[PDB]
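Visitor: Produce the entire structure from the sequences given, and follow the hints as far as they go.
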Amino acid sequence: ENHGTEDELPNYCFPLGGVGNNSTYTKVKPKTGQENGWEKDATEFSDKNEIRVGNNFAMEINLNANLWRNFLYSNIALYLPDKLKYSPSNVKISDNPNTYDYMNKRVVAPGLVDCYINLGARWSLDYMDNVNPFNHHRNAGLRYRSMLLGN
Amino acid sequence: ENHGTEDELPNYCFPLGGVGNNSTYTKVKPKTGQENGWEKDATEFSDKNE
Amino acid sequence: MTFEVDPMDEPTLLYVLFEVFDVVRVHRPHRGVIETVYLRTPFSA
Amino acid sequence: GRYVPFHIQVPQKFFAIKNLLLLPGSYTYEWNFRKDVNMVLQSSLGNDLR
Amino acid sequence: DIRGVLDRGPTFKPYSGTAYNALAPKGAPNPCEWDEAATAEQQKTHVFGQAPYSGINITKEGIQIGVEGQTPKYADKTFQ
Amino acid sequence: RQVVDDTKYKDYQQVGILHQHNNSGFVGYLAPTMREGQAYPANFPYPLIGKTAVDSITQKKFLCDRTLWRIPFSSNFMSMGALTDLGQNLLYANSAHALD
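Protein chains in written order, with my numbering: chain A, 1 to 151; chain B, 1 to 50; chain C, 1 to 45; chain D, 1 to 50; chain E, 1 to 80; chain F, 1 to 100.
Since the hints were derived computationally from the structure, they do not count as laboratory data. It is possible that part of the hints are untrue.
Reference excerpt, derived from the structure (chain F facing chain E, CB under 10 Å, subset only) [stated by the list, open to error]:
#1 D11
#2 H19
#3 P32
#4 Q38
#5 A42
#6 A53
A short list of chain F residues far from chain A (calculated; beta carbon distances all over 12 Å) [unchecked claim]:
#7 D5
#8 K60
#9 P72
Where is the CB? At the ideal position from N, CA and C, for every residue including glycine.
Guide: As structure tokens, this is what we get:
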């Protein structure tokens with residue numbers, strides 16, 4: 001049920017120190033008889049004064065798209081039919097396709113389930129319609145019967 | 001009820017520009033009657049292309 | 001009746017439902033015939 | 001999508017008609033329907049659809 | 001049973017956010033060329049670029065992206 | 001759901017997954033790997049809403065999970081007894097019949 005996500009306000013990450021990178025400034029003081037005369041101030045003040053001009057250093061991220069993309073991959077994409085999968089580049093895999101090892105190592109293209117699939121519609125994915133959805137990890141009942149047994 | 005984290009795909013944050021720290025590059029044009037002859041250009045182009 | 005309300009700065013409507021009885025009797029004497037008697041009281045039509 | 005060929009099943013909602021049991025004969029049954037978008041469609045912000 | 005064709009028009013939008021380049025910053029423009037004023041009228045083309053692909057060479061025939069045995073193969077400009 | 005047309009839609013080009021680049025340079029290329037590429041305009045999908053909305057066809061379906069399909073063998077198909085009226089009739093109970 002692809003209804004999109006809140007994205008109205010930009011989200012930002014900042015340095016530990018808030019500010020980020022800075023440069024060294026000497027103080028100056030004005031000459032009072034002039035309209036525009038200045039004199040260094042090296043009285044009780046340090047010659048190595050920290051100033052950042054501008055706003056603080058940042059990176060920007062959309063949170064809900066990252067979460068959505070991870071959801072789509074975790075709960076549907078990894079569970080697509082094996083004809084739609086591929087085998088890893090430069091790594092070993094099982095001879096037998098009936099094994100946990102073959103199911104754990106087959107590689108599915110994330111682009112098959114990207115954030116905009118069936119956007120504005122209520123529709124189950126056609127390749128997942130032939131597939132048993134009780135064979136999935138969000139089975140709360142089977143999960144509960146496993147956890148009756150232990151970790 | 002600890003069923004561990006849903007984290008298969010890596011998530012990333014990027015600079016405001018989407019690009020970040022860059023270097024300046026000078027446009028160059030080919031000399032068309034030669035295999036691998038080239039000539040500097042500062043005419044209609046800016047000589048500091050990010 | 002006198003109703004007291006909040007000053008609203010854009011026109012509004014007072015919606016009043018007068019609860020009455022609104023019954024119908026339905027009569028079919030011959031094949032393809034239908035007659036009806038309507039009664040609504042208070043407020044006769 | 002914006003473009004939709006549809007099929008819809010509409011009930012008679014009128015109290016006298018709907019609880020009626022109808023015996024043998026033939027009957028005229030005629031109704032009228034609205035085509036004005038601001039009544040038949042409904043929008044989230046309540047925008048003038050016409 | 002009522003059948004017909006509807007058009008809900010261009011003002012409709014059944015989703016929050018954008019579909020297109022969703023992970024991009026809201027400020028960042030696409031890589032671009034612009035004429036900026038120098039005068040030293042004489043306006044200079046400034047580029048803001050990004051080259052992510054490493055090829056084998058660069059000739060007048062483009063960037064070399066491969067070999068057809070003996071012959072070197074270059075990028076098709078139509079999409080590469 | 002609604003999907004793009006190719007019968008009365010004239011501009012149509014089928015662009016494969018191998019060259020789709022909606023979100024270029026923010027995510028790995030057809031693997032769950034780290035970010036690859038640069039920023040650039042998005043090419044896919046075509047808009048199904050808006051001023052430039054492409055012509056579309058309609059696909060209908062349903063799911064009905066955890067159930068059996070049911071065809072009761074009865075005259076009017078109601079529950080009027082655990083012993084069925086049709087299971088009792090002189091035609092079907094007192095004669096034998098092959099089914100195809």
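Visitor: Each hint should be assessed against the structure and marked as holding or not.
Guide: Now for the hints, and whether the structure bears them out:
no., hint, in the structure
1, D11, "17 Å, violated"
2, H19, "6 Å, holds"
3, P32, "15 Å, violated"
4, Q38, "4 Å, holds"
5, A42, "4 Å, holds"
6, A53, "7 Å, holds"
7, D5, "16 Å, holds"
8, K60, "10 Å, violated"
9, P72, "28 Å, holds"
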